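Here are the chains, one letter per residue:
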Amino acid sequence: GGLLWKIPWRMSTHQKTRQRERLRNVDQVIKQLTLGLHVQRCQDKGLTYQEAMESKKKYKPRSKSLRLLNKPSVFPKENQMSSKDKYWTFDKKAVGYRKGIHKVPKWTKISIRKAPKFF
Amino acid sequence: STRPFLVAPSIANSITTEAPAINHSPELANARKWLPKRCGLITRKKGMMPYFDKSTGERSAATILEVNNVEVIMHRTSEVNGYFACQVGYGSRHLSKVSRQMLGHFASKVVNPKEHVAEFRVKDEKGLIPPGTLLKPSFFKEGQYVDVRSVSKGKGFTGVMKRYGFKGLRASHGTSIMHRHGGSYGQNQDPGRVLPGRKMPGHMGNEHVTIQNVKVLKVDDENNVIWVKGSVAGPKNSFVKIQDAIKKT
Amino acid sequence: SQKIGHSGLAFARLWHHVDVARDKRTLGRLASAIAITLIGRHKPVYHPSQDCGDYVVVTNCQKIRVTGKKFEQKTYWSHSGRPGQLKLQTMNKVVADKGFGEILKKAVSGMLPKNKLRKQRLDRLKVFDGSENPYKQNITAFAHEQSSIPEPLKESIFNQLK
Amino acid sequence: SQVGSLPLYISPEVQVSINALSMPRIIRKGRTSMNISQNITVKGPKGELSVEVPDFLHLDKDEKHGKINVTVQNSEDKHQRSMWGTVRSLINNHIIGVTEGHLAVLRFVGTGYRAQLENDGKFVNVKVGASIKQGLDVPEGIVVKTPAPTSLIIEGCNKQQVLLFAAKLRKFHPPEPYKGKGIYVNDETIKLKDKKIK
Amino acid sequence: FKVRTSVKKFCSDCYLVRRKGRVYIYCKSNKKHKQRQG
RNA sequence: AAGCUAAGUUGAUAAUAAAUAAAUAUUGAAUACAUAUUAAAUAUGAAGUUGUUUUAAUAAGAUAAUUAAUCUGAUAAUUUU
RNA sequence: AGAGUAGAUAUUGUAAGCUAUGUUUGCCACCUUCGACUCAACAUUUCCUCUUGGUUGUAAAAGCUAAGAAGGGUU
RNA sequence: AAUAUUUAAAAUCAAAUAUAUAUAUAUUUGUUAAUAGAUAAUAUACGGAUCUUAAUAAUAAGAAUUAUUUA
RNA sequence: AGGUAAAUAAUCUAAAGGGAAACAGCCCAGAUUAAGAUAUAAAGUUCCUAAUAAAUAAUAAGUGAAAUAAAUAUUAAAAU
Ligand SMILES: [Mg+2]
Ligand SMILES: [Mg+2]
Ligand SMILES: [Mg+2]
Ligand SMILES: [Mg+2]
Ligand SMILES: [Mg+2]
Ligand SMILES: [Mg+2]
Ligand SMILES: [Mg+2]
Ligand SMILES: [Mg+2]
Ligand SMILES: [Mg+2]
Ligand SMILES: [Mg+2]
Ligand SMILES: [Mg+2]
Ligand SMILES: [Mg+2]
Ligand SMILES: [Mg+2]
Ligand SMILES: [Mg+2]
Ligand SMILES: [Mg+2]
Ligand SMILES: [Mg+2]
Ligand SMILES: [Mg+2]
Ligand SMILES: [Mg+2]
Ligand SMILES: [Mg+2]
Ligand SMILES: [Mg+2]
Ligand SMILES: [Mg+2]
Numbered sequence: 013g014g015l016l017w018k019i020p021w022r023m024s025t026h027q028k029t030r031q032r033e034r035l036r037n038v039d040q041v042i043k044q045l046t047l048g049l050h051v052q053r054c055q056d057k058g059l060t061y062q063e064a065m066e067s068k069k070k071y072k073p074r075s076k077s078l079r080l081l082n083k084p085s086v087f088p089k090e091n092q093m094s095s096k097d098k099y100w101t102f103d104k105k106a107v108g109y110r111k112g113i114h115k116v117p118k119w120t121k122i123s124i125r126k127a128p129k130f131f
Numbered sequence: 021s022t023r024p025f026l027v028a029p030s031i032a033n034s035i036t037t038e039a040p041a042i043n044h045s046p047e048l049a050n051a052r053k054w055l056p057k058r059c060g061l062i063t064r065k066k067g068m069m070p071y072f073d074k075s076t077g078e079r080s081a082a083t084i085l086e087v088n089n090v091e092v093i094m095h096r097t098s099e100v101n102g103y104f105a106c107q108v109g110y111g112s113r114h115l116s117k118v119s120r121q122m123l124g125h126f127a128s129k130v131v132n133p134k135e136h137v138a139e140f141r142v143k144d145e146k147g148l149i150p151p152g153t154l155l156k157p158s159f160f161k162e163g164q165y166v167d168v169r170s171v172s173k174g175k176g177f178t179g180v181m182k183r184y185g186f187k188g189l190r191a192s193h194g195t196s197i198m199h200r201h202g203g204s205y206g207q208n209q210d211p212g213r214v215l216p217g218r219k220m221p222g223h224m225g226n227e228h229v230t231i232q233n234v235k236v237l238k239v240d241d242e243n244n245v246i247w248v249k250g251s252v253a254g255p256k257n258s259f260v261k262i263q264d265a266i267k268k269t
Numbered sequence: 002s003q004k005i006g007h008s009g010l011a012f013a014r015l016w017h018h019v020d021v022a023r024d025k026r027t028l029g030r031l032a033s034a035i036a037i038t039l040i041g042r043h044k045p046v047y048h049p050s051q052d053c054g055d056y057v058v059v060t061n062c063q064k065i066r067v068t069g070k071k072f073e074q075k076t077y078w079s080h081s082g083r084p085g086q087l088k089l090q091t092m093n094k095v096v097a098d099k100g101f102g103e104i105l106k107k108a109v110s111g112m113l114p115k116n117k118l119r120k121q122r123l124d125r126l127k128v129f130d131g132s133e134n135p136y137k138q139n140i141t142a143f144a145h146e147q148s149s150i151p152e153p154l155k156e157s158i159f160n161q162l163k
Numbered sequence: 017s018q019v020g021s022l023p024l025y026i027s028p029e030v031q032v033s034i035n036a037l038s039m040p041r042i043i044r045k046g047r048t049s050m051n052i053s054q055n056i057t058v059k060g061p062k063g064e065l066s067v068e069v070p071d072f073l074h075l076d077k078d079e080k081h082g083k084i085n086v087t088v089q090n091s092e093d094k095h096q097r098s099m100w101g102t103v104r105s106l107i108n109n110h111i112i113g114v115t116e117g118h119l120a121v122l123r124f125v126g127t128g129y130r131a132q133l134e135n136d137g138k139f140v141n142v143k144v145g146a147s148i149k150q151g152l153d154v155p156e157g158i159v160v161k162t163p164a165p166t167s168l169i170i171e172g173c174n175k176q177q178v179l180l181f182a183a184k185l186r187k188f189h190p191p192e193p194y195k196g197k198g199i200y201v202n203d204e205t206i207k208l209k210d211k212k213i214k
Numbered sequence: 056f057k058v059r060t061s062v063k064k065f066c067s068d069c070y071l072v073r074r075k076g077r078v079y080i081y082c083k084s085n086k087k088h089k090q091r092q093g
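As you go down the protein sequences, you meet chains cc, CC, HH, FF and 00 in turn. Position in the first sequence (first residue = 1) + 12 = the deposited numbering. Position in the second sequence (first residue = 1) + 20 = the deposited numbering. Position in the third sequence (first residue = 1) + 1 = the deposited numbering. Position in the fourth sequence (first residue = 1) + 16 = the deposited numbering. Position in the fifth sequence (first residue = 1) + 55 = the deposited numbering.
Just so you know, the hints here were simulated from the structure itself, not pulled from any lab data.
Below, in silico cross-link-like pairs of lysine-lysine (PhoX-like), each with a Cα-Cα straight-line distance of 25 Å or less:
no., chain 1, residue 1, chain 2, residue 2
1, FF, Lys209, 00, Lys87
2, FF, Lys45, HH, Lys75
3, FF, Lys187, 00, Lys75
Turn these sequences into a full structure, and let the hints steer you where they fit.
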């Protein structure tokens, strides 16, 4: 390993802030996707946009992907994840069975929220 | 009659403190030095003669150093110079050779124009001899040790053999033209350069030497000579500074 | 339009004074502040192609503040060039040999940009261990701040020198 | 802590007082800092001694019963309590020194081993075996007399000084494990090894 | 004297010691128990 | 013969002093005891360190003269120190 | 574990474990001269010289083991 | 206080959220630090300077390290 | 093993620019030509160097501060 890839094993405080922001943005995209479906269904029933937003009942999504993406167990929200899962991923060939999240290729884009329960 | 002037409080209200002493200072350096307690003499080496001891018959080489008009010119003190020394002049010289500026300097100190001038550092004021007092061979005592200081003989461009005692290369057994060379001069490409201080051909001589613990074996003023056992660096008619040995007594 | 005018006063090498007895910053943080005023960033008329620095006078350096154990652990290096002649002097040795001003001067020298103006900017920094300096009158003084200074003290500082 | 809590019985002939320093030294450390701005001047018939106690230490006084209590503002801090015990111990030692006087007994066991006082008692010459004159000068505040060449008695108002001087003398020839030979600071003993001479 | 990374107490008379940024052991009963954390 | 040389002659191994590494100690609490302190105070300790001695380099500073018919240098001539 | 008259840790330390160096024999192919003479410079994992700890196995002297130490020397 | 274990949010406890909604169910999150061990050859090598705070006292400094966060 | 052989994805090959001191292959981000007002990505804000103020705990080792070195020993802290 002569070639030097000086990638540190820990993140700076600023990388952590950006990571938390990126997770929140993804959650907000999911939150907005459901909102549109609820509003569109309500308009189909006859309601208007305003009352749809103020409706007490919120129509939950029926698609498999959106239904699971709204489950905290499957896709936890940033305020729900643990600090370890925010910044550390699971690698089975590393001491501690964990490695820095920034070492995952395209970590900024890819989403890894869930780790095995005991790892 | 008060001129305008303004003062900033940043220094008007500042507390007063004395800076601590630092080693990089003439005061501390002077206290650390190893200096003798007596002034010295300027001598001209005239040659060398055998000294036959009349009690045991031992024959020891002795070099004759003459003293001629050795007079103290002026002093140097800690308060104005930072070190304690006695400037000493030797000999006499025609006014046509001495610079006009130097002729005035000698006159100010009421001394003759001098062949040579040198300083002999001392430990403290107690070793300062009054200016204008002539110095004689009797200033040194029989059987005491002194340190001599003179410029060595010139030798010109001298090779590695004569300069550092290199043993050169084999004189036979196939050796090529290079016999009187030092051989290697470095390592292969790791330093990529000849390290500083590498022993190398050059010029030796015309260099200051300090032979220490030279014994005085005859002091006489009727001939104006000083006898010191051994060799004194320099050629015929070379100025030599004699002073009390610091190491031995 | 803003540049037109008398620019002489702007490019004036004022003299600033920092008293380490009163200043509470550490060595490194103080050095950073001194570097900025020597570079000239504090001046709105500053350009990187010009040396707008201002002289800085530091007194009572002996009361410098060094945290941790650096005073006896920090090592200063100086290599002549020949192999095997590396010299490593602790901060304690350096101050005992040269003074506390050299610690500040060394710290500031690193902060200064590695340009041809580094040496000129460093000599503008005058560091004295004690309160006795020849630049007492070379400071920015104002008429409206002489009330606090008593007259007997004022006269001593001005006329009585050396 | 517990040692610092012990009451200190002061006799009428020995007076103990606390004062303040004109030049308070401030020795720096790590996360904790220390300030010394008080002095304790213990005086008694057998001379007087002084101690520079820290600023955070104050002495309670009670004329009745000759009892004085040493207290600290905050006993939770480890540094304060540690200093509290040490100050208690030393002032007690100073008091005991100025009222009775500390004593040290040096004993030489080897053959031809002895101590002789020179320079009118200012110098102690030791003879534990060597070809060079050996000994150290007595310091100020320590009085040394020799009842016999084999033995030696050392006293002074300071317990730390008397024992340090006694220990310094001991370094010339500490006891030998095989045959008891050397200087004994006190009744301390050294276990002798078996005489398995080869 | 024992220079080991593992310093232990054998004699009931050994006492741990903290000096010069190192851990020491001394036993008055027997001198073979002396060790340094090195 | 002079000169150059060592196979020859002379001398030097640079003290005193300061802080120290391993190690040996006093008082002493935190922690009733013990603890040389990775607490406050007090001492020892190496051919090592700082120094010292010696050579080379710059010249802070000092003495003196400052329009010259014997002020300061250089070119030029006879040379070896 | 076991020797060490006794006792694993004065000295010695099976086989297995965790490491450090890149001074030997290897492996990959990114990259196509051993010895002698002369002069050596640097490191310390210290052979001698200096200080020190342990050594029922330090009585003395010689020794064994270990710590600080690269100033000088090492046919 | 002494002694012997582990350093754990699995179980338990606390808190938050989604449903039936004063409660219950379900989901999510929360369980030690320093030192020694520590290692070679041109030159100290976090990129360098340098970074740990202090009342009397400044218009004013007090991590520029580690962990979780805010604007 | 900067080794060898294949499988999936990206980049270099054929890719300017920002960041990782320097860097073909890593994080961003793809150069029509201008300008330079505004958002910005990765990454940063004591000075060199464009940009900062805070909250709660731990560290006293300069550990660490952009390439984490292990078994073990010591000290101390929580829970049973
Ligand atoms: Mg030959
Ligand atoms: Mg030939
Ligand atoms: Mg070649
Ligand atoms: Mg000889
Ligand atoms: Mg006690
Ligand atoms: Mg003891
Ligand atoms: Mg010595
Ligand atoms: Mg057995
Ligand atoms: Mg084995
Ligand atoms: Mg070593
Ligand atoms: Mg012996
Ligand atoms: Mg030396
Ligand atoms: Mg749970
Ligand atoms: Mg290095
Ligand atoms: Mg390959
Ligand atoms: Mg091609
Ligand atoms: Mg590119
Ligand atoms: Mg492409
Ligand atoms: Mg394009
Ligand atoms: Mg570091
Ligand atoms: Mg950087």
